[PDB]
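Of the protein chains in this complex, one is absent; all others appear in place.
For clarity, chains are labelled A, B, C, D and E in written order, and residue numbers in each chain start from 1.
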């Protein structure tokens, strides 16, 4: 019945994980000892908060659509999946570009934060497959 | 009706925060004895005026939608949220590139106005999402 | 009636300012001996002419939508505002990049002409807000 | 009156100007052989042929919509105007970048070809205003 | 009905020329003697295969729309013309950038492959112009 309970629980946990990415990348921006690391970290912080805002947005489009046509919600989740995956890909290319131009002493710690950013927004786009599949099996039957 | 009071009270304070950013980043352009920090500052000025105006545009579409279909406003505000978050990310990414390419003496003061510009254009998203989800609450409860 | 008149009187002056700011950056390009300053000045000429002409296109998109209702104009004008704001901020960001990469001896002329571009931004975006305030009042107050 | 055939009877001369820009820039591609100039010339060749293809595509679309109403012609033609203006401004930006990074001996002749592409832009945008505004008169009649 | 007997024969030779570009550029990738020329050639390979996939998509979108009327195909083919022209112009611009960045010893054969992409572009855009005209002369004239 209320598929929105799953989507909104996912969304508000995604918001809190976005606010933990905020506190985590801001506390790293308070801990870290290079301005080029602080720039990449805080930038990745908001480039990832934008990814949590993307999953928020896609979960709001579904939560509005499933009140009248659930197959339009599934499609909105999928259109958001590819769009948030493009945001992952563009972020990954961007961060590969800064890893090439950045000086060696700030490549090392940055490669991990590139990694963890890529882990968060990669897990997000794959999570949308799991969120829509229960609606997929319920209209592909 | 009721949601428009929140939406448009938010909007015109978002406009005057656009005017305070206009005056604050212009006054920084009158104080700052660096053409490269002046370039960063006025471009952060128009990225933030464009950000406030993105909230103005999507708040005007929400308010004009609320006279006929609140679920259209909810969805339009969500489409505006992700788009404004991408605009935040694009500045926060590109200005992390300028923080690498710039000469050292204009990295230090630039890292602060990178910060304050990112705070202003990022917190704006947390505003827009807190507004739109009242329509999610209203339709589900 | 009144919306198209105000849009079209705005348009005609926006078209004359398109042609005149073009003739201004062309006659500046007749004085300015540096090829890099002429490239910047005439490219500012294009991206500003394109913004003026795009405000014409957004005023014509309103005039075409007005045959359905004023609310079709209000929304399409606002979608033109945010698109113009993005195009403006991307222009200012581009110029804030060229002002770093350009040799020091040609940074001063950039510091005015990216400035006059930012003045045309500050005018153009609020120029749509001012008629959105009217269309909001007429539809929704 | 003539709109469905008129647009396409400017367009076919815009196709011949597409082919005459093609032959002019391909002849220039051996009149001025130097690799970076030939690259900029043939790039301006296809970035202008893409602009003539844009006007061709806009002039096919705007006419084809006219079976519904004149509002469909004016909206599609104008959405092509702004989109062609943006594509032209992006060209003016990227050309203004190559004009910095290219070595001096290939800046001089390139500044003119940047110029003639920018003239063809300045013609095209005012052309799209002049081809449209009969259907603008149809919305004050 | 009859329009697709042209359009699908065109499409399948566009697919074979996609696979034949996918043999000539793919063979060149192990027949050439520089990794930067391999990068430019095989990347031009997919940038051109994406063009044959674009013309494939535009011809499948006609064939699907044609069950309603030819006027849907004419519009989709024109929408694909300008949209493929942008992707083509972005190719020539982008690879003119790599052709500045490349050292002189790998500019020479690279200039020619930029050339052959510009030939395939010129063919493709004049292609969609010829393909819609038999619908234009019938329904539009």
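The rule we apply is simple: contacts are C-beta pairs under 8 Å (C-beta built on N, C-alpha and C of every residue); 3 or more make two chains touch, one makes a residue touch a chain.
Asker: Where the complex has a chain not shown, which of E:42, E:116 or E:139 is the residue touching it?
Answerer: Candidates E:42, E:116 or E:139; residue touching the omitted chain: E:42.
Asker: So which of A:16, A:19, A:27 or A:71 would be touching the chain we can't see?
Answerer: Per the contact definition at the top, the residue touching the missing chain is A:71.
Asker: Any idea which of E:87, E:109 or E:126 touches the chain not displayed?
Answerer: Reading the full complex, the residue touching the unseen chain is E:87.
Asker: Tell me where the left-out chain touches chain E, residue by residue.
Answerer: Output for chain E: 1, 4, 8, 15, 29, 35-36, 38-40, 42-43, 45-47, 49-50, 53-54, 56-57, 60-61, 63-65, 67, 87, 91, 94-95, 98, 101-102.
Asker: For review purposes, identify every residue of chain A that touches the missing chain, sorted by number.
Answerer: Contacting residues on chain A, toward the hidden partner: 71, 74-75, 78-79, 81-82, 85-86, 88-89, 92-93, 95-97, 99-100, 107-108, 111, 114-115, 118, 121-122, 125-126, 129, 132, 136, 139-140.
Just so we're on the same page, only the chains that are shown with their structure count from here on.
Asker: For chain D and chain E, let me know how many angstrom lie between their CA-based centres, rounded off.
Answerer: About 20 Å, centre to centre.
Asker: How many Å are there between the centre of chain B and the centre of chain E, using C-alpha atoms for each centre?
Answerer: 39
Asker: At least two other chains touched by the same residue of chain D: list those residues.
Answerer: Those would be 101.
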